[PDB]
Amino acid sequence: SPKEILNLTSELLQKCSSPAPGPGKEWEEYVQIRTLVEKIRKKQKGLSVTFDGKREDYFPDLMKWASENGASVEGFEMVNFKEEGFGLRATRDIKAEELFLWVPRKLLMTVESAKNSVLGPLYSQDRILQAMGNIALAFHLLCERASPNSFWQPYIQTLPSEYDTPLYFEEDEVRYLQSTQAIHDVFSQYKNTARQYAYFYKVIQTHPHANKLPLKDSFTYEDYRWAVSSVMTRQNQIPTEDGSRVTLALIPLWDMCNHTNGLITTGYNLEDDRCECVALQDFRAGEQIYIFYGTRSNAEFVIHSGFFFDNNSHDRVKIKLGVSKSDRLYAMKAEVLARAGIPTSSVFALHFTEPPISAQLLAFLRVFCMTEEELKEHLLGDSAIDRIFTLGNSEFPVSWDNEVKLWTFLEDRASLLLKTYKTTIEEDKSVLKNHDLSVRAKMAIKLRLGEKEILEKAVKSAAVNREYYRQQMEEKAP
């Protein structure tokens, strides 16, 4: 019943437009939303458009389409790589820094091609589509998927039919993330996606500029979950045709590369109007070709990329810290932070790779622990180098007293965070070792384990710095 779906989505829109609930209400709100999304989903028949046969059956047509439009198709082939999915495998030796992959702009799906597509009329009227280039790309993808003769059909027919973003997690798979820092961004993703689906289902079914959309016929929640997951796992920022601005884009062929540690070796060539990728390392014939996606955390890889990357050298966990207005020194601390370019309250990161805290966090902690006299002396100074550059540098303390205070705080705070997790490090390792787990469950348990391993490293680093500066104070002659 289309009128029942319209009533259920109206209810879903209102629920997901409520304000954020207080501390400790987030899980039960997520369960409230899952209940209504699942009831809608089980009343619908999955993806509106499906392709018979195997995913690999369509890769030859992708290579042929890419070749005819000026892209590189020589020296690699599309292969199944088990738990990494499909990817590129070298057919011949490829040297590091060798240009081996390129994709002309005509092949890309962009916000610009979305504007000139069947979505164009609705794009020009809808406030959300105009503001959210990633949402516009998602609907561009759904519109072309539902088009029988879309130019990008060879690309769309080779995209995965599902993903491992948390949108696809079962309830108990998300439950593994209770009391983690990452779960809050999982909650947000689910609520955003459900709100957007309900909003656009109403728009597509009622707006006159949507009357000719291929989605007015059928537009299921699974359609929208697939579109946003496709975009978040694969989208890229590229310059516009003249280079004056940037835009979001899906890049066929190149986006089949899987991820490894390294540096970005993909850039846009504006002069030749194409994406270009040089080899991250030497790849021998028969070896998988990897690229480096970007310096993202494992929370970001799980939530936005749908995988957990082992030995992520950029892994980190978010921590929120601020000066309280109850602090009798709030005004002076806020003034010092402003001079340093740091907000009074903000989100920092604790890093896996040494050092565990950045210059920004060290600067904040120093200011947070300054005495009134240290604040006055700092504000009286005016050397440009002392606004932030020395303030965040480990070898330029305010005072040994200040160091002891800030490391004591950081040790206690990282220790406090560890105590709030539902499981310990070794409990997690026992689950991973002795249990048969789904792919998505393993991602969740590895993620919560990784958060705690970072926090314990921060505890031990803060403790040794506290002990070091306490020793320096004790050894100072009286």
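If you superpose the two forms and keep the largest set of C-alpha atoms that fall within 1.5 Å, you have the rigid core. Positions refer to the first chain, counted from 1. What changes on going to the form deposited in another entry:
When each C-alpha is placed with whichever rigid part superposes it better, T247 ends up alongside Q44 in the two-part motion between these two forms. A rotation of 9° separates the smaller rigid part from the larger between these two forms once C-alpha atoms are superposed.
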Contents of the next structure:
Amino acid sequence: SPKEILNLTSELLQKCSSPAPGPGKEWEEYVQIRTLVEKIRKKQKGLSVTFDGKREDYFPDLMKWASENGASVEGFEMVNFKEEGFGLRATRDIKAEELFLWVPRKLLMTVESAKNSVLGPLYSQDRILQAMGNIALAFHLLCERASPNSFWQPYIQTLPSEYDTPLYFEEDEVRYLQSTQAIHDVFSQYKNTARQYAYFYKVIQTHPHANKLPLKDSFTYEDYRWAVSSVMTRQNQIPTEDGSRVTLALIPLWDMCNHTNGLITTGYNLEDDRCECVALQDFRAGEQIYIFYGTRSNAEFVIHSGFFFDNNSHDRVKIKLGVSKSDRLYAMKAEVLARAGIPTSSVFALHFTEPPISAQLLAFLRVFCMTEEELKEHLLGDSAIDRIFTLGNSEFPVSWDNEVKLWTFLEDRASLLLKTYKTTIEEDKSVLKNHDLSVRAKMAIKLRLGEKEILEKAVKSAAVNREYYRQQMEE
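Condition change, the form deposited in one PDB entry to the form deposited in another entry:
For this one, just the chain is written down, with no partner chains and no other molecules.
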């Protein structure tokens, strides 16, 4: 009964509205929330709207629908690949930099198109929809999915039925990620989504401006989990009709491309009011067409795109660093860092492809390890300005001594972080070799393996720099 569901959702909104659980209680907060959510989901009837046909049965409808509104529909076909899922395959040879794909705005689903929808009145009367475009986009999806004569029906009928975002993982699958950096953003994702479902279920059932929405008596946890994972795995940012501010939008036909390594080749053209994509490389006929999604970490690919990309040259882990206010040299270091446009304490990144540290982190480590004399040579004199300009440059060291002390610092810091994981690198390679795992399980384990392999790379890199610059002191 919907009276039992309204009781259960109030009980869920409460559990998700408390503060952070604490230090070593975040795994059990997530299991408690999981228990309540799974109870609700198993009393509901999955997706509220399902389609008679199979997914590929609606792609001609999508092509026909995109052709009539000006999109490119020639040169490619839809193929269900095992590895990436559905995607685009070239039916002809396509050269690098050729403009093969274009989608006018009239087809997109935007935040503003959600404001002009049957969702409109509720949107204008709800703080959270007004503040969160991605949620507003998500409810746009559900309201058009529930609309039998919707203009976007060819798009919605070709969207997946489920995803590999963590919102779909099992307990044992998320459990592999314990002690990682990644799992804290998986906890946030589950808590946030669960809170938003419990809040909006009450709104849809009782708000006077949601009364004649089609979602009224058909809004399951599954419905919302699918909507946000749809938005999360393929939403974009485009300019407005005029070009002043940016907005969030879903791009039909083009969002069907799968990711590979490379550069971004999809831009918006304000003049002709359309999204444009040039071929990132040469695609022979019969080869899959990929695009570069963006510079994103494996943590972000798994959590928000629902997959793990193996060849990811933009992989990174986070690292907290700052000058301790108990340093005798806090004031000078804080002024040098300020003059370099660098915060006193910040969250930096260790990287997978050399060099492990950006120009900003190297400049910080250099100031962090400077002596009083060196600090003065960057604060006073005619060369002080020119000396700060080169802090982030590997070819202009402050001293051999400074470099040795900062690579010694980095080597110890990554070594320390490595030990805070519950499994080792060798243990992870063993689990991948000797076990047989689901796709979602492989994601979790490859993710925690990746975090550690970056730390280990940083250790070795910092050690060889340490030894190179220590040989320079001896001469």
